[PDB]
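Asks: Produce the entire structure from the sequences given, and follow the hints as far as they go.
2 protein chains.
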Amino acid sequence: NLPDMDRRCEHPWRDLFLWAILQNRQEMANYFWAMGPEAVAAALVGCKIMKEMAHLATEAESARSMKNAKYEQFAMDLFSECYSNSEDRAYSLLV
Amino acid sequence: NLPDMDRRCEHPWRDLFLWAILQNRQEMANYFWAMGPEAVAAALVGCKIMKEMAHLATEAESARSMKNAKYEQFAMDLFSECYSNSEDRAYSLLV
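Going down the list, the sequences are from chains A and B.
All residue numbers for the first sequence refer to my numbering, where the first residue is 133 and numbers rise by one.
All residue numbers for the second sequence refer to my numbering, where the first residue is 133 and numbers rise by one.
Just to be clear, a hint being listed does not mean it is correct.
[Stated by the list, open to error] Using C-beta positions, here's what the derived DEER-type ranges look like:
{"hint": "1", "chain 1": "B", "residue 1": "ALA195", "chain 2": "A", "residue 2": "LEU188", "range": "25 to 31 Å"}
{"hint": "2", "chain 1": "B", "residue 1": "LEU188", "chain 2": "A", "residue 2": "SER212", "range": "56 to 62 Å"}
{"hint": "3", "chain 1": "A", "residue 1": "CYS141", "chain 2": "B", "residue 2": "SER218", "range": "33 to 39 Å"}
{"hint": "4", "chain 1": "A", "residue 1": "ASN200", "chain 2": "B", "residue 2": "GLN155", "range": "42 to 48 Å"}
{"hint": "5", "chain 1": "A", "residue 1": "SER194", "chain 2": "B", "residue 2": "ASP209", "range": "18 to 24 Å"}
{"hint": "6", "chain 1": "A", "residue 1": "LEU188", "chain 2": "B", "residue 2": "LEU225", "range": "57 to 63 Å"}
{"hint": "7", "chain 1": "B", "residue 1": "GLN205", "chain 2": "A", "residue 2": "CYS141", "range": "47 to 53 Å"}
{"hint": "8", "chain 1": "A", "residue 1": "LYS199", "chain 2": "B", "residue 2": "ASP138", "range": "44 to 50 Å"}
The hints are simulated quantities; they were obtained by calculation from the structure and are not laboratory data.
Yeah, the Cβ is synthetic: ideal placement off N, Cα and C, and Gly gets one too.
Replies: Here you go:
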């Protein structure tokens, strides 16, 4: 059921962001988020995955880093910019 | 019962740290601590000796300096570094 190994990924930045988030690589995750098409949803996904992995982390330092992921802050700030710009396209983006 | 005056001290940094701590010379004590083999235990010893001498100090300035010795802070920060590094060798160090 796996796709063709020879095909280009339809959402390459989405895939790279997921791959970097799933292994607590927050700098690359920030870069792939800043290079992605849908950044508010991506930041919310990153927030969810980080708070899900914070429970599974064995080391205290990694768990602390996951608990201080600040991806929800990225979503909030980007939506603040969007809502200041239009305040009507912002609702469409929300829905 | 005193040892040989001609022999090298087995723990020279330990002896210098004790000598500097016992006379409220905190800069040399910090140097000898930073140059010692077992620094968490040495910092805890310095904390103990400083809080013991703070009661015996006659002048208020010296007593204040002893009461602000911040050797326990050195032990805490070094153990924070050690616990962040391994978190398993840290327990062995503790025990």
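Asks: Each of the hints needs a verdict: does it hold here or not?
Replies: Okay, the hints, checked on the actual structure:
no., hint, in the structure
1, B:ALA195 / A:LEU188: 25 to 31 Å, "violated, 50 Å"
2, B:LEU188 / A:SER212: 56 to 62 Å, "holds, 60 Å"
3, A:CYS141 / B:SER218: 33 to 39 Å, "holds, 38 Å"
4, A:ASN200 / B:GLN155: 42 to 48 Å, "holds, 44 Å"
5, A:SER194 / B:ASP209: 18 to 24 Å, "holds, 20 Å"
6, A:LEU188 / B:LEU225: 57 to 63 Å, "violated, 26 Å"
7, B:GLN205 / A:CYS141: 47 to 53 Å, "holds, 50 Å"
8, A:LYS199 / B:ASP138: 44 to 50 Å, "violated, 58 Å"
The structure is inconsistent with the numbered hints 1, 6 and 8, although it conforms to all the rest.
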